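We begin with a single chain expressed as structure tokens, specifically the form deposited without this ligand.
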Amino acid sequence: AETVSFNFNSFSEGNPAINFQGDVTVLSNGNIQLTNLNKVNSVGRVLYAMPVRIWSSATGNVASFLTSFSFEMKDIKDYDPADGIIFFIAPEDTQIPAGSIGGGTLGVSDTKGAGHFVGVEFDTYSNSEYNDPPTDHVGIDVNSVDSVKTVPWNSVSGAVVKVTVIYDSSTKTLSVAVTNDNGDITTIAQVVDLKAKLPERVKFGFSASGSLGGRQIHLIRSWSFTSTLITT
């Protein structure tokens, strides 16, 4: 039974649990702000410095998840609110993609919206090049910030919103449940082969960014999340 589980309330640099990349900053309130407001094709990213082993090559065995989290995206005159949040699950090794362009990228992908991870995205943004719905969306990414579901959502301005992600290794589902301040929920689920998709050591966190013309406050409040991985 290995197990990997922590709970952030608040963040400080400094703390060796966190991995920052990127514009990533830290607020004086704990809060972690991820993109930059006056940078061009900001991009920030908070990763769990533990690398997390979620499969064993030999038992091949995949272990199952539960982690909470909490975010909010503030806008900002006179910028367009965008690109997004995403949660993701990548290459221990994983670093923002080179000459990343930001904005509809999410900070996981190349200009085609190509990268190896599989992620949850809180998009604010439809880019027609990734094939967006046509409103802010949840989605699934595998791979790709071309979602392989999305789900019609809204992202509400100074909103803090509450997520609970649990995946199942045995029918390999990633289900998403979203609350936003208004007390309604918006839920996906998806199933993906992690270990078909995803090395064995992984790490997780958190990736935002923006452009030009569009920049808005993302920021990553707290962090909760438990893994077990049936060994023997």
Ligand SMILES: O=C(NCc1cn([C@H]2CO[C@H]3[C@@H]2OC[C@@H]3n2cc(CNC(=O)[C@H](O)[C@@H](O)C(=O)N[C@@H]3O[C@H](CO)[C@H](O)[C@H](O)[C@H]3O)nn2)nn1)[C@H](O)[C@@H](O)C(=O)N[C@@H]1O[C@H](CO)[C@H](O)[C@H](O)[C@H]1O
Given for the second form:
Number of protein chains: 4
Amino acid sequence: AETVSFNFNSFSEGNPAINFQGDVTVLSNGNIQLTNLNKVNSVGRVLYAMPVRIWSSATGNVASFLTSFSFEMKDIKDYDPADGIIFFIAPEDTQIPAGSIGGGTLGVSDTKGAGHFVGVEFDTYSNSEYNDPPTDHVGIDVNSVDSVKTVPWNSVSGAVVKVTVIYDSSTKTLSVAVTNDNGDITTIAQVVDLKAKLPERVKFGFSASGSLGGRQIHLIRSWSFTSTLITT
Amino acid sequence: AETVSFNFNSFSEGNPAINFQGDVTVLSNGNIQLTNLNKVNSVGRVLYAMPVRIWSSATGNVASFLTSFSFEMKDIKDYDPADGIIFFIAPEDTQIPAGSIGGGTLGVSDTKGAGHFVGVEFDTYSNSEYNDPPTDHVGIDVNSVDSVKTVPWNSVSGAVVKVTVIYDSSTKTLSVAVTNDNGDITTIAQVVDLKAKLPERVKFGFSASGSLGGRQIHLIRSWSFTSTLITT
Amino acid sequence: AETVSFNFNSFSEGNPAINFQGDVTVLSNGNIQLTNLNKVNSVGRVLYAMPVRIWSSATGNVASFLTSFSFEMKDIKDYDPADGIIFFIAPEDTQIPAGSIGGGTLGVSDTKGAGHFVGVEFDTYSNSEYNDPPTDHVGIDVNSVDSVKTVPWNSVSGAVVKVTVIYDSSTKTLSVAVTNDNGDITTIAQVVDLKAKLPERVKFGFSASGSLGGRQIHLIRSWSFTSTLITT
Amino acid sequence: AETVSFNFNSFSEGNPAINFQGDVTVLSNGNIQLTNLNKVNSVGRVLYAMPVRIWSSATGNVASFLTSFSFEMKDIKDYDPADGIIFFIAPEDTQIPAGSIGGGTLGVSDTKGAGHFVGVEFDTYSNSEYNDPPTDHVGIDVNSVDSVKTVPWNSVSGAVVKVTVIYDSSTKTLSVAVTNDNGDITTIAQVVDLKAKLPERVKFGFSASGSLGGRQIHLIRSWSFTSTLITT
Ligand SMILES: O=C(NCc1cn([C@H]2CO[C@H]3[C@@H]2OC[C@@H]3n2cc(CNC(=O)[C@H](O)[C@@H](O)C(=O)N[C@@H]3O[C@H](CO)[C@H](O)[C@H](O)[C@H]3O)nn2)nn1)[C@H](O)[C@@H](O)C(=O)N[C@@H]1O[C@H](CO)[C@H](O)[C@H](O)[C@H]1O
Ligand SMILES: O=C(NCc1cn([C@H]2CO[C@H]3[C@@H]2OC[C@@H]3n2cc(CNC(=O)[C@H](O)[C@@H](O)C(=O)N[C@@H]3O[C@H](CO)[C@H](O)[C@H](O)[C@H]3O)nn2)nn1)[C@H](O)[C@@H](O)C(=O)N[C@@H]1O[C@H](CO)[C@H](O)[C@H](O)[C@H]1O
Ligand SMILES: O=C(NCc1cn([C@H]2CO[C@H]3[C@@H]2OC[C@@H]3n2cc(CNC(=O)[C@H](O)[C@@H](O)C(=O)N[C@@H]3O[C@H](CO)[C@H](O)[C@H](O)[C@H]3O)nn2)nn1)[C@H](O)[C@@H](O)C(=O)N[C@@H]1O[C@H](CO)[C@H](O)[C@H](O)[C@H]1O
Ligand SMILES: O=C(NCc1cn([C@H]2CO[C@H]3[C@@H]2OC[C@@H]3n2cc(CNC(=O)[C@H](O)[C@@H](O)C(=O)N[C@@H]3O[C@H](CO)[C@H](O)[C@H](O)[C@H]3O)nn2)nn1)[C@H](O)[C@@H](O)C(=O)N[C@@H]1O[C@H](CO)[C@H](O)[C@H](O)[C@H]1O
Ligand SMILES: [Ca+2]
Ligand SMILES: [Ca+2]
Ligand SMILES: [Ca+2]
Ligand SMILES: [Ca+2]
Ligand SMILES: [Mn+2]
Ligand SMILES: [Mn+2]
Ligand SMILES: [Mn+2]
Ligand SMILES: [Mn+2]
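Please could you give me the other form, the form deposited with this ligand bound, since above is the form deposited without this ligand?
Now the full complex is given, and it begins with the chain already shown.
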């Protein structure tokens, strides 16, 4: 079988394993800061630099994967704590959408909320234009920030959040478990056919965005990943 | 919300927080050894001593859970490496079945392979009587060791195995990710209606068994768990 | 710290983690076959597709690494069993030298035996033009196939050879252990300043070559690697 | 050539291939436990029972060797996680020093830290009396626990650690690569003249020790070794 495995306990500028897009910076403590607090419609994205073959046109086989990551969102004075982080999967040539308005688009979609990606969003602002639920939520996104499904959640300022994601290729189930600061767990699961929605080779990463009035600290602290594709 | 959370980096004999059943022993290194290598049809089980409320009869709500554990199976001289470990969920009064034949029953079922439990087995012997697949496998069990579903796997002697399990109450999906020594991940997922198959309060744990000719080292090294049931 | 880690138990075409150069093919059994048995001066190379940051101009720190691989060389009818395999490190833009004569160059050097690389060669033909010792040998190469140091060895046709390599950044020592089919171990070690001989970002891989009359099967069976660079 | 080769996937107290010294026990799971958790100044050692000829007074030739082993150190409640494991080489008549104080001596030296051995220590306590560095460290020891050289390391409780050691007789270099649970590799290398420091025939093994208030689980899980001495 074909396996891709990596583990980041910290990050650094110049690490050839990570592609930096937009307003991303690496802090002295090793954290990734995705948005620029002084910029309007800020968008910052980080990608694992190696394309991952998630499915094969030869065998028809689809990879399974296990990934865990930790993030933090922190309020800043005066601005609205917005807009959130998305863990996403996209074609290997993925770039911040041209003319990105940031905000509710989470840096992966156009103004209408459409794009080419599969993601798990940690959304902290209700965008009526994208049919967002009225509170903070975890969403499963398929080519749109108008989530296929959401679950109520709560983004706690300065709290370290742990996430575990399992993609089971046979059932095509994307399962998500979010461990909050107060100890409670939040889960969401959705059948997503990665072979039907994505190309054979993709990139995995994180994206975050803000607007003129909606800005907050968006940090990626750690990330581990393992994918295995049966080669038969 | 109502949350049950715990973490075991090690185990100990004088700990009332764990129920020890049958042939289970705690080694000086802190590992749980489930079966007795010198006994015929050995069966040993461990349970978290506090019952977990997985569903409310008042609200009809079902808990989601996230659990991770690590184990080891090791071959022993002159015996068939058998029978395997099962991570299981059962009624609070669960005990080793009366007159247990061990072996293929994995210590949770009768001779016909029936019982009252939901489990994830790591099965290292092919029992034709329970319609086992021909190789080592991971299986999702519902009141039977004749698995609802299996996936081929490989039990590596002396290798430390890591498992992550997510139960998403809304989709009723039980997702499992198994991290092998060679780095590959094995996944299996199945819709299991925990509210329909189990009582309000349940016990979580591990069981393993052997027979006259089938014996191996079955170790539980660590276990973390979090369940959250919405109380509104 | 910054760590690159991977493990290949087998290989496959289309794996974006591997760069294929020249006459390389992947066999149905998962082995990499480096040279083309029907081509004159055949040269094939495989590289880990992600550049590795072996040192940083900012801190002056140099990475340490541990790598293990297994190979096989097998005689073919009529042709001379030649020329061998080289495990090498080179600048990230590395390509088969333009107008490569293959042969004793091992696919990493020019006709004079010069190049920009550090390698460990498993040499099966004595090239007087490169001051080769009179028998099969393991050599340590620094920008030349005229080895800095060699040790007598024996390439057994159809034998699976295991290699372990340690690079200790503090002493700048490149240590090599080769486990022969007859059970004996062969070692060779040399101080090589990777910071002085190579750029900050490099590629690791294998190369093999043949000539008109010198051809043999060159197989790469498995490869594991871990490098760690201390960061500011 | 003269070659000694062996491989232990498990160990037993009833096998003549190993010598057991002091407080060493073999667990039913097959692991070697070097120290007794309930004893003051506990010392336990194991040795490969056959003496290995590492050098020749006839030819002056010195053997090369490749060895790999895996261990685990685990914290115990109320005791300082101390003192560590040492992989050592010593005269064939080697015994635990008479009146051993355990602790910082790692079971191989006297109170002043002196002894007759060459070793690789995995030290988890800073003994100012032996000029220990302030954190956990891997050290190369020549007749003293006041290491010739050390490298910062981190002993993770309950983590399985993998070690590879290459001794190259021509350069007299002892190279060590340690693979941690967080994925990073730690290396240390030192020129050590075995002919000058040790007799022709030596014993290879492991030792660990504790004190009154410094105790932890010290386990040896597996060990493979190959040495080759040129007899021509
Ligand atoms: O004066 C009067 N009315 C006041 C008024 C307001 N205005 C205007 C002036 O200008 C404002 C304002 O209205 C809208 C306009 N504007 C401009 C903009 C532009 N930016 C924007 O829209 C945002 O920036 C947008 O980009 C955005 O929200 N991004 C999101 O930000 C998020 C973070 O927050 C996330 O990041 C997201 O992802 C991202 O999408 N946003 N808003 N003009 N007049 C009347 O007299 C009144 O007093 C009155 O009637 N009294 C009494 O009434 C009685 C009723 O019975 C009786 O009649 C009485 O007789 C009568 O006396
Ligand atoms: O494969 C195996 N065995 C095969 C086997 C044999 N059998 C047969 C054997 O025989 C039984 C049975 O099938 C039915 C049969 N029988 C025979 C009878 C007939 N008598 C009766 O009923 C009569 O009535 C009789 O009693 C009688 O006549 N008196 C009456 O007494 C009265 C007194 O008052 C009056 O006098 C009356 O007049 C008088 O009639 N009734 N029943 N079935 N399977 C291994 O063992 C198996 O364990 C194994 O492989 N282990 C595995 O190992 C693995 C590791 O390698 C893993 O660990 C696995 O997990 C683990 O599974
Ligand atoms: O160089 C190359 N190609 C060209 C070439 C030509 N030749 C030479 C060699 O030899 C021939 C020929 O040119 C002419 C020469 N000859 C032959 C003879 C014959 N005498 C006769 O016939 C006489 O008669 C003689 O026999 C005689 O006198 N008897 C006695 O005479 C008495 C008389 O009284 C009595 O009668 C006695 O009884 C009787 O015994 N006289 N002269 N050699 N190489 C290679 O391809 C090169 O590219 C190469 O190596 N690549 C490497 O390839 C490797 C794999 O291999 C690796 O892959 C490497 O990395 C790669 O670099
Ligand atoms: O060290 C240990 N144990 C022993 C010990 C002793 N101490 C204490 C106890 O004692 C000392 C000292 O600290 C200070 C204290 N002191 C001494 C004094 C002297 N009094 C005085 O001076 C007074 O004056 C007194 O004498 C007095 O009042 N008279 C009158 O004084 C008058 C003066 O005018 C007139 O003279 C009168 O005539 C006369 O009657 N005043 N204060 N600390 N530790 C550890 O266990 C050790 O083994 C250890 O760490 N192991 C390590 O463990 C690790 C795991 O953690 C790893 O496993 C390692 O590998 C392992 O190595
Ligand atoms: Ca939103
Ligand atoms: Ca079975
Ligand atoms: Ca050559
Ligand atoms: Ca010490
Ligand atoms: Mn949303
Ligand atoms: Mn089964
Ligand atoms: Mn050579
Ligand atoms: Mn020390």
